[PDB]
Amino acid sequence: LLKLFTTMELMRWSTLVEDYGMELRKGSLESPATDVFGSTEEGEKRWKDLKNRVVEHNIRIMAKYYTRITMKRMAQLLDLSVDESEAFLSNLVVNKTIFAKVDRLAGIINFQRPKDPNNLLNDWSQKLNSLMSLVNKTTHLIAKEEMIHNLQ
Amino acid sequence: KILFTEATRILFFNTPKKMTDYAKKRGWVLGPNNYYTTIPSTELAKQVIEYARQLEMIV
Amino acid sequence: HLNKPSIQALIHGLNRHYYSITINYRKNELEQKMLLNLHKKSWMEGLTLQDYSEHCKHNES
Amino acid sequence: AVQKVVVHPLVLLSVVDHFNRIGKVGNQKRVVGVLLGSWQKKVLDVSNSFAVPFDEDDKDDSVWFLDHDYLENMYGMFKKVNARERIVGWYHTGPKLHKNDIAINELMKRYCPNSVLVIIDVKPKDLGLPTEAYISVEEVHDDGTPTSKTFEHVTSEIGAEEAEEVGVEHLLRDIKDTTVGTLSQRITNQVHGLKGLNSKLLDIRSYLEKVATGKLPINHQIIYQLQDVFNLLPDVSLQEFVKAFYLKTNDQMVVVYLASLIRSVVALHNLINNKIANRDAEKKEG
Amino acid sequence: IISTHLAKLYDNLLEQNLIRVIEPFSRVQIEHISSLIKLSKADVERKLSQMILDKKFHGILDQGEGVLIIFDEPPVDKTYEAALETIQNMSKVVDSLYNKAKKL
Amino acid sequence: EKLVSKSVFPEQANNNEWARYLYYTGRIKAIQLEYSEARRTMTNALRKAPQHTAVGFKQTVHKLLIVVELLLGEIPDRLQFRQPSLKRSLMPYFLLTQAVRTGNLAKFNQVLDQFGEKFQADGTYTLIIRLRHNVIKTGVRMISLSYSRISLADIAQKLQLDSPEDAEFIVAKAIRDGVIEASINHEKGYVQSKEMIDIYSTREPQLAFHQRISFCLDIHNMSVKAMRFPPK
Amino acid sequence: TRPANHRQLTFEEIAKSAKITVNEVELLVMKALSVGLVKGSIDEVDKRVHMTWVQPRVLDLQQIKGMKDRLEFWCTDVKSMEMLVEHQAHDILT
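Protein sequence lines correspond, in order, to chains G, U, C, H, F, X and L.
Heads up: the first sequence at position 56 corresponds to 56 in our numbering, and the numbers run straight through without jumps.
Heads up: the second sequence at position 49 corresponds to 49 in our numbering, and the numbers run straight through without jumps.
Heads up: the third sequence at position 60 corresponds to 60 in our numbering, and the numbers run straight through without jumps.
Heads up: the fourth sequence at position 285 corresponds to 285 in our numbering, and the numbers run straight through without jumps.
Heads up: the fifth sequence at position 49 corresponds to 49 in our numbering, and the numbers run straight through without jumps.
Heads up: the sixth sequence at position 170 corresponds to 170 in our numbering, and the numbers run straight through without jumps.
Heads up: the seventh sequence at position 1 corresponds to 1 in our numbering, and the numbers run straight through without jumps.
Source of the hints: derived by calculation from the structure; they are not laboratory data.
Among the hints, a few may not be true.
Once the Cα atoms are required to be at most 27 Å apart in a straight line, the calculated BS3-like pairs of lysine-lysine come out as [as the list claims (entries may be wrong)]:
hint, chain 1, residue 1, chain 2, residue 2
1, L, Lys79, C, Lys33
2, X, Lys137, X, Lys188
3, X, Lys87, X, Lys118
4, L, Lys47, L, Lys79
5, L, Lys39, H, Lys243
6, G, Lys144, L, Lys68
7, H, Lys42, H, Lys79
8, H, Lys275, F, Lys103
9, H, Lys284, F, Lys41
10, H, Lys243, G, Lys144
11, G, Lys96, F, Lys55
12, U, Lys24, X, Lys173
13, F, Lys56, G, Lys101
14, X, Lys188, U, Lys46
15, G, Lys127, C, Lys40
16, H, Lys284, G, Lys137
17, G, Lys137, H, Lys99
18, G, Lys101, L, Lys65
19, H, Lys210, H, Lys125
20, L, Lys16, G, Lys127
21, G, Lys127, C, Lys41
22, H, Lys96, H, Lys195
23, H, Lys79, H, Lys149
24, U, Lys1, X, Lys87
25, H, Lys109, U, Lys46
26, G, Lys64, G, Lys26
27, C, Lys57, C, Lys33
28, G, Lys101, F, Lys103
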């Protein structure tokens, strides 16, 4: 569970329960139920809290490795209704840690402010003088293969 | 796109056959349901080179 | 007589104890072309664009 | 180790002088000497060098001579002259690496552990090849290949300190230089950049010709870096880059209207003043 | 002096609520913002119109469908600001040159 | 006109002669129906026309540019109907323009009957015939500038065309020329105009700026060539 | 297979090709980014994936020849524009 909450890749809440829920909400024979996720009132509070934490971990990992996600689709990819997911993403963005901007029909999650002309030509010029790794490419094709040119 | 019926009505070809012949005479075709850029980077590059030329080569 | 002796050297005995011999620098074309590489930038900066944001700020100034 | 190797425009002249003084009769076409210099665990700069008596025989490229006590003696003399430079690497002409390069490097690794080959190209000085500096590395050939040595290229710069660069300038001061970049010189620089790009293109194409027909072995990291570089090419399509028209016309504002109209007005102002001045000169003369 | 002052405070706090929210959103229905803010459609529409008209909150209202849009105005325009004023500056220069021509 | 096409005017010719030639070719192409180039040329000539003198010249040029403009649909600026040296002289043409902008056939007919001698006096009676027959195109022009989309029934109502088919034919003829840019959707009845795309990021500013900077470069080069230093 | 002419791959292509559900393309793309083989991004709204990846492969000598031809095309484009600029600027190059 800590792997699926630490490494990348989406956190499927449904299989999250189907793989760890006999073990979070219930008590395992090896280890009894945690006092944080029992049927107690604080347990259910943390239960909905994690139902929103899958939302925020999803949001963070997509912020590093997604561009856009649709409101219905991400809602079912975190197994909530649209409105509460919007509210929680609002809490994630207001405290200045997540970039997002939501439309009624788009709900894109990115600030790609979208790459301004100055910045996008800066990226292109970078990749062009990163394409000047072609000079390393040709000097290495002549050097590391010149110890082959003398070896034929 | 212009419909077959209204085209026949407004093309002043009283015979629909005449309208069809005048339609084939042009490339303006019937339609399925009866319902009839880049940065060239050369000419502009020539332009900027010309500007540089007018700056250089003395008067 | 193409070059003039200096006052400093003249006071310190030039043209009285020693004469200044004209100095000529033997520099063939090969050495010139090799020295030209000191400031020959590259084939890259002839194609490397200046930073667009810095370009805009320079233009505004 | 070293992310950059700086070659002063003195060791270059030293190599040229050595090559000339040898090739007066020394048609070996390649001469080997020792290059000193201040040694850093950072960017390396070569401040001086001397020429050791090197002999090579074309038979099997395995019989050769390098008088090492001469190396030590000359280094002692340089220490007496200036103890600051320490043995750093070596040089040889004949831009095509021979077979004894790596063996000579192993020989010279005792006097300095991080010995670097610094090849000096003498005759071919067309576009972009003043020098190429190499360093031996201890890897067989790759993760799963037999043993070799495979000198490693290090980025080289030609840089000078004060009181050496001034000698270069005085040696220069032909119609060359003009450090300030006029529009003419900048366009010439762009043309030279295109020419260099095309030359590198022809070089890589030639190697790929030699590999495709089987004359040269497929070298896996080479092919990998190819696939990377042709993957790395940008796309002028995807009409978000094409919205560079924004900045192109923004430039056209400052080049087209401001400076050009100002220049035209200035030229007209210079014109009318002459026309008054000529008129006044005429009047002073009926 | 307390009706006016508290009315001003109510308007200001309405503004603070409307900016502290809608920061997450870039395109949100007026119905959503009104239900989250508990005003009538017409009153909140007038308030948003006043807010944008005062340039307090950058955006524009598409009542043809009934949505509020958000954007920003890039300040690169300073170069054109200099350009136009320099244009009429050179125009006055040209006028003085015209007078100098009248001298000829 | 035929002589004009095979004769190239010298660029070095003096300003007033250039203005005269521009006026003559503009009249030729205005009575030759090249209205866009006509108005461009008369605007150029008025820019080259003397400010103080040539009152008759500027009066004739103003009259013909007025008729050319409203034939093309453009409304002449009222200020040129206000200077004392032109006011009463264009007063016949001022009443002409009043009738054209109002577009009422009754006042139009009364203005024609009252000022036809002035209309032919400038060789514009046929020109004012085409004017009387292009006022409708002018009306359609402001109608389409004001409205992104408009039903042809609404066109006939605002223009008094009395028929949707007549409105369709007239608007089709008008949109044939470069007066109105639109995209007629006969599936529903739209006259949806072309999307007003951003002029920036459209290469149009680049072309306009290229032409202008070329003009400035030629001006600078000619100025630097015309320094003309004396011998002594 | 697609030489960046149409980079945007619809989820139907990955679904039929990789024999997966369109719910799992995003997961496997994320895994591939995480390990370090590809560095693309996902557009769920239009069901597309952008790919800018730095993982090469062995290259099948016929593919060596094809990439040689591509290099030839781009190098002759470079040469042609070099002659164009040289001819247009011959007055200034001197």
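Just pull the numbers of the violated hints for me, sorted ascending. 4, 9, 10, 14, 16, 18, 20, 23, 24, 25, 26, 27 and 28
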